[PDB]
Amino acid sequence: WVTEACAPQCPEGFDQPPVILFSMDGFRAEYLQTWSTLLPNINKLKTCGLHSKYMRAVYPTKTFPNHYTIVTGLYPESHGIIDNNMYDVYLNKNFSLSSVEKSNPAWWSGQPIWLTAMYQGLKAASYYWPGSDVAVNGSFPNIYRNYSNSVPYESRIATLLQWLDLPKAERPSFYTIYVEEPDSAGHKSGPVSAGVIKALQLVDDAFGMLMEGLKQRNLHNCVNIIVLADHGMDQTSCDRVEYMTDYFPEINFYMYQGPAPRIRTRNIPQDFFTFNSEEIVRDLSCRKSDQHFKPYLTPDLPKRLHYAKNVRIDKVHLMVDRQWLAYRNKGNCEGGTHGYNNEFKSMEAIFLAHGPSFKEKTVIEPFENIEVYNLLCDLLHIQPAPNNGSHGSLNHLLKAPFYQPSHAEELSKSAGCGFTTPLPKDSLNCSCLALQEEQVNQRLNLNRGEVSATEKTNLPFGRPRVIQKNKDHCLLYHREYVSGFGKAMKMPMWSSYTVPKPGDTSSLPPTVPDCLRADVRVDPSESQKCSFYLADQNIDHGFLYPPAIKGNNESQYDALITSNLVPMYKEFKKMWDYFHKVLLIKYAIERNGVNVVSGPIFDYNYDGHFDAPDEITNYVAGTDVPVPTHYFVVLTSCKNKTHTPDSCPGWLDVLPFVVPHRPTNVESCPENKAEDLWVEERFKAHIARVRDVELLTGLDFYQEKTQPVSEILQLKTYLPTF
């Protein structure tokens, strides 16, 4: 097989292709790009089959959370396996790899792919995989093996080949096979060592034995084989470890140490919820100038990580820097480890695929492991259980896709806010001493041609659709921007505008000061008052669309209205204004103009979904105007920089941000530091996917882009990395 040339040849009985999911623990993407030619069996798979540049793991980049994510399509917060070592307060039990509690089904939520196949009339076998030797939802796979780490790889392969030799009635359609290397070697001697080379050669022989075994049965081109990893590997040093003794005079708390630390009380379960989590994060914030970790209260963590909505995830979290460690005391440190941020290049996993369903000799762009579950379902011809993968985003991997995706149906239609009179019925305690005749409101009145012109420029991919039931809203059209106004919350849900490529940075008009007026289109009962922000001293009004970004002085008046106001904390406003005044211009030059869609996010229950009106817990003092938890900024331009975003036929380039709306900038540590040294760093830290923005807002983007839904899903699941 290994010497044989590249190839739907299935023998008698095999009507449907069998699916084999092969995991090689800690096989980082870097190992494939550098050492592939030293591994002839995996190199043939790379040459003949399909492979991604890398597969993004889930945070924390550990074995049990990631392996269970691959088979469920769920984030650790939803499936429950948040770490290899964890504690549940309600169960009052400790979970570990060396404990009996790992076999308790109470810890395992969701529906793994073996159960999905079993519930839909197919048989499933497994030679190891976290959760496969556990009676998840009161059921084990048809054939499974109780975990035993030292069983030789040949014996694991031989038993799997016996299962493929079984009669059609007994023969499973889905298979899992797990291997401990090159993770074990990575921990021992580091990612770039002789130990990992030997381990990579060992896993290549194991894969070679499987492929040669399949070739004898004439199943080498029949079987839909997937070779992947749970996470990557990085180098650790005893000279690169932060100690909690250097920050606290006395440690009375419990700490889950390493690359993804979690802090809780020692007095469990009595002091669990009582524990001052907010004190720990405050006492660890900006303590040292060259601090190699950042404390976070779980709802404040970057939204793209989706690591907060679970009782097992302790409120205190530490985001450890590349190649560093965080321990309780100075009293293992050498070699290598994983568990760090999934965006780190060293944490990237491998993904290779071969079979009749997969495209041959194909290199695909990086994707996330949460997407694998839907692909496994399409391969097995089964309906997927509710998961976090975008069904259809992985269709470019298949020769003939099983599922055809469609755009999310709009649940609420736009109504009202039409121009009737240029005279305001209510002043709303707003003042602009510059206006003289106030007939500038005639510019807010746009004819069918004027509306189409701004819809062509500022809405090139179509208006974001409202995927919310009974959401009273209207579209507000202006010559420089278009917004979707939320009537009940008295602010816009989204504001879309395409800034063209600017010429010079030196000559830039400032925002018209002390000028604010009522929008004649929106009813005063559905509008914000300027007096609302005078009463509340902590929050002030902010502009969602920057008035001075487009046109002239007369164009600014179209944005100096009550409908363009959003509640903002003074400290957040410093980041918001700097981004639109300095960073946005810089980005607009780099990608030949940029389309911006901005708006508020409400996620008080930190579940990654948009809040229902009853879920919002903070409002503008003495008013029903809600306070956003986050603000989104989705930058869209074209992949081919020769075209502007408003006039482009090819693929689009996206840069989404989900920035927390916090009263302080303690996350950035900006003490005696100008905005040019921390604002961009803070925005880049809170980069997310378009899908993340979509779930947090109940909006759906790019529904009017002439491209298949499957291709638009690739753009929506894309995570920009720097």
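The term rigid core refers to the maximal set of C-alpha atoms that superpose within 1.5 Å between the two forms. Numbering follows the first chain given and starts at 1. First, how it differs from the form deposited in another entry.
- Only one candidate in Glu371, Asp230, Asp314, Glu77 has its Cα displaced by 2 Å or more between the two forms after core superposition: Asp230.
- Residue displacement note: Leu202 has its CA displaced by at least 2 Å between the two forms (rigid core superposed).
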Contents of the next structure:
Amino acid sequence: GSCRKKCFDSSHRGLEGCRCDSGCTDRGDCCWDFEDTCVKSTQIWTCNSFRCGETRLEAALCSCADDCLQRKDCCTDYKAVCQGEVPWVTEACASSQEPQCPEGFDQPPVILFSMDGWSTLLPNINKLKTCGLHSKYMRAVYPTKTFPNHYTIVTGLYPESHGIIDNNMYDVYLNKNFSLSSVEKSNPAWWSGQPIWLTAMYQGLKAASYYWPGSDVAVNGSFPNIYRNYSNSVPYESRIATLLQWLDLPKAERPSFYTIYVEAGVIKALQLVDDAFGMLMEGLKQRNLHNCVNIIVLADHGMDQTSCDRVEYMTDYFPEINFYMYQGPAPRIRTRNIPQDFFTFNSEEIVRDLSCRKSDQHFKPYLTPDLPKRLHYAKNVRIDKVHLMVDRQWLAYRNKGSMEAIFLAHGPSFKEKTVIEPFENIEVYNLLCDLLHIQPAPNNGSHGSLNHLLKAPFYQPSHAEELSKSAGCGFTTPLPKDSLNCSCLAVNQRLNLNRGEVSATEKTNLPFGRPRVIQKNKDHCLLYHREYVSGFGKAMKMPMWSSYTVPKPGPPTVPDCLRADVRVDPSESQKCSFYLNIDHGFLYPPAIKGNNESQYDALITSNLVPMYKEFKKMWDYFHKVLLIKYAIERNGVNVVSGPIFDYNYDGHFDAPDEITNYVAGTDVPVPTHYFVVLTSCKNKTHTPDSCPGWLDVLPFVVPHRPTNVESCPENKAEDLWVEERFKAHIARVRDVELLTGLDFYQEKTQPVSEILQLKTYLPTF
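The block above covers the form deposited in one PDB entry; next, return the form deposited in another entry.
The next block holds one chain only.
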């Protein structure tokens, strides 16, 4: 009596002879349900009253026919609409402590989903935040652009190592230009590293991708098992349908890993992605995979903070511009005559000619090795030596003419209804390998940092083993053999600590244990003093590390007083005669703790470090003024200071053969940087030496430069720029560990996963 199961027929059988052929419309003969059962049905992605139980239509997008579940072509809403099942979205939160996977699903699939652009508007994505796990903000690496950041996510590498350093670049060795508009975007030579899809493939699993930076590229001569060449033409429902077809594949061909990228009427648009998301969840429920699949969603909440009013122009700084400039928020300057003049180009002159030019200046030029070490944006030919650090909300241009994502995770392997602390996206790749049970390729994340996101972590982190044992530097005589051309016109026994006195300074000044030398054949020895403990590097004739616990405060430094260390061989120690531009500085501030005689333990050749006159200014101000301010704020603080040698700017400590500059006429190396790690306690009620809970860290990797041009100190007193400079060079503990070859807190009564959490936390400013 209607169009049901009779769509396009010579049948006159109807209500009062109503028809169901395509000509019924113009005749007015259609049965009331014609359009819905026969016409709109072939063009929607959802079942309804008319479609439930329909006779299969070939022209149709999905199916609502009785055999659609067996045929695997139902619409996502089939079970809820046609079988009255409670949809995933309305259904209560899942408690699954183990993956409830269908037969064949040996290991739960991983879906990495990225979106861009409260709750009642987006119900599906909200249910995920609600039931699952979400991170406040997910820290993006420099430059903070989407395209490189997406490749970092899947590779675990910093842009300098994976190759995609910006959307636009020129490699001199290729003599090729990369841009997203170019065919060169597809050239595999640009793409370094090993993306998660390859890792899974190389390790037996199969991987698919419905768009993601580099998934439509034969990276290391291979594409993912299933991939789609980038195009914004395809509707979201068709993408989600394909994603589900891939999961409907036979075990043999069926991928274990999936990547899917998606990019007032803003809400209308967002709702379309939430609907597509809800389609994916419904599809999974209908497959019994909703409590099997581990799904991660990244929602870039980043906004364009730029304005045409907040733009800096190079025309204001140069009378003539003959250089090429990569414009915008992370600018880079190069020669126009490429490749010919690429390495000859005076990059140093450009930084100089742009340095402290205006008082209001909304950018700071840098040579890539002088850039803040935390950024890891220097070790690649693609990264031009000239780099401009533009202020937030500002842009820099030739002439007149940023990712911040919310990490969401749902699935049986993930912790339920948990808010997790912000982390860097470099960490994610190991998590992906753990979720997939594969071995991660060498990356920059620290394995086990994100174990707190997992119900049952696949990888259990372990403390790095020391490769060099401390040796020598025992107290033999209280009088030194060689004077070392040193002078103190005004004791050495105070350097002779007994087993009990040693244990006392170890308890107080090495509360989390001593840093471990993760360096092969590095000749060192520890020196024990009442107020401090240093780790003395014999070949460099200076201490690699120095440890001390400054207690909460309630005194000048002893002048013209210096003497040889009676424990350290003259062959292995610095002489006063080496100095006379670059002068000796105290790694450990002598006046920080104790009385006038406590200072004598610090007025020795073992506490001397080579410093530029201008650096010493900053160094001394921090130790005389800023440190005491912090020690009050934090109720004591454990300070670890030390030299850093990273001449090839690869973010690791230098091998001896890598150090290029020394103190004139000597073999004492000039540190490229200095580090200061402020380890105090989170619960301020306890001092750092007596803390049971978590520690609060504050690490600095400050460049050891001969002039303070960076700080632009022009007449200003230290109270105006030194702190600003120190804060400008903040970095993770792990950043230090890498640059030094030392390993911190190997004696803190917490699991390695938890310390790895702290060693990756970057302080916010």
